[PDB]
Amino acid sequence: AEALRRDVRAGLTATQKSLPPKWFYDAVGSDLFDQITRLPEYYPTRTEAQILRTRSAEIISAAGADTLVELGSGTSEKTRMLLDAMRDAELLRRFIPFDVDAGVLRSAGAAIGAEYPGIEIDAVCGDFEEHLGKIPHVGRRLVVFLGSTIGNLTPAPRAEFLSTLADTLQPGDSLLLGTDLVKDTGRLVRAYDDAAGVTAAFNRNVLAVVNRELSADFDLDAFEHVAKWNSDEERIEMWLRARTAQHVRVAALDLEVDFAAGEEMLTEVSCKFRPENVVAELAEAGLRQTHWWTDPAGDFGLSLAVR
């Protein structure tokens, strides 16, 4: 609660307004993201799923893990391919989902616990930039971070995250990391600006979160969804653009802020990767990439790495 107060105050009073994307993921937002994963324009989920379908047995063989830790786990739908391979290999003992959204952990924990009789479920609620120490150091761990969620951190915080995560890995542990790759810029923008309007609803939902949690009065349909490709930084950006001037009261903060007509507020970055740079970022964090896989079109990459 304090985290949200501080993030919203800092974000809305900055000259370039912004909100952190972790706050998209309340119950409504997590469900909207689940819908995003099945949009025709949003290739990341099905392409990473393709790689996992092909490579899960190999990944499990390489890792030899009895414990799957998943960061930003969400519904853990793709994760079931890894869990199935761990069960086939007679290795699976434990699943540790980690997420900021307590609801999605309760749902996924319940489902996975039932689908895999005899495995321990130990859900951890937290922010993966601050609370990795809540994850138990137990067993032989395959730590999984799918979806290119690592791209939702800009380069300095990403490097700090990776180094911190690397320092939690013991010998015998492995990191499986999904990274979305640089590609045609039209395909990229459309993946964040679908015909169905679902991404736009997901984006505007951060305003609903602030409205509810902090007693604010954002008018959601006064804000236009804008997805941009930033070619200098090689990242997708999501923005909310005020269609007309807006006066917003955030009552829990005793705060009033103004949006000019046309004023844009940054709600998310999604950094896109060049394959050879993924090796370098891992190495910088003290991790040796041991395997690299891509889908048949080269849209998406999956790394396995160790200390």
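Throughout, rigid core stands for the largest set of C-alpha atoms superposing within 1.5 Å between the two forms. Residues that one form lacks are left out of the comparison. Numbering follows the first chain given and starts at 1. First, how it differs from the form deposited in another entry.
- Core-superposed comparison between these two forms: among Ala201, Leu105, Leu153, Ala166, the single residue whose C-alpha moves by 2 Å or more is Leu105.
- Residue range 100 to 110 is the only run of 3 or more whose C-alphas all shift by 2 angstroms or more between these two forms once the rigid core is superposed.
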The other form holds:
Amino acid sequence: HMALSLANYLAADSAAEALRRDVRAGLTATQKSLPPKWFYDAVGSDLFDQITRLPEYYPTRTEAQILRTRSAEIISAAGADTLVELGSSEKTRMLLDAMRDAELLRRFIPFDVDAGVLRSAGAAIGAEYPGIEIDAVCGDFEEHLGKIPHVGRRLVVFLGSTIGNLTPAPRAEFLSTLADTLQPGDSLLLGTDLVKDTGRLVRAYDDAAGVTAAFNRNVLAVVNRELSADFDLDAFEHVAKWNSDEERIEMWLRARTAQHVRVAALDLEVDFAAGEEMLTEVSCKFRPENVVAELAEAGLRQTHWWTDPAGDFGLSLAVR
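Having seen the form deposited in one PDB entry, the form deposited in another entry:
Just this one chain is shown here; partners and other molecules are left out.
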């Protein structure tokens, strides 16, 4: 039902400030870009949820299968009574069920950008696990990790390879910051999508049904609405690329003809040449050996490594 603690560090004026800043900088760069965090308004979050069920998008179900078959082992290794989830599901329940089965579950700490979603989880989870304490935190995981409570022995999970949506420099910064908040008896469960057949990688971000394309183009709808811009969404083509040098998927939006875009709120006018491409997201893919090193660099020791038989996806347990 309604039992909940919820702390909110996301102000609408701060969000507006950041978007203006991001869009001005991104659209005036010789190589245009937009940060992917702006994908996730209500519509875009819905579209991502649909992406997780696409035939081509293996990551969610691959990760879920690993959690499904190793839930007990993960929870036994963590020895936690508190689950901290950065980014909010079926995956969630597997972990919580295992903690409950082990008679360890005391507390659930969801960390997400949408307070509404957090409130819904508080009710659902509160109902599913009677007596559980729920302390929700509305924040962005790049700035408010220090606001996460430290009560209990905490299993901090960052699933879905969302860590791959940060380029190396901010990624290392995030991991270090996160590691610094862990006490003895705390653990990090990190999901990393792994280097694999490049055809499979591109198809996962360029599905036949055009759902990912809609997800990508929606960032233009967000800008149109929030900054009073006039992007013609239909004029932009969805492009997914494998960058072999950086070993990352990239999502681009390509102007199929010359476009003139006015962003009224920024007193800004911007031009796209025919065939000009704008970078909207990276999805970095990892090699198993490099996951160990990136954790070590952040001050975390990898104590467990779970991966599906095909080696498509990896889950790390790590501690200070």
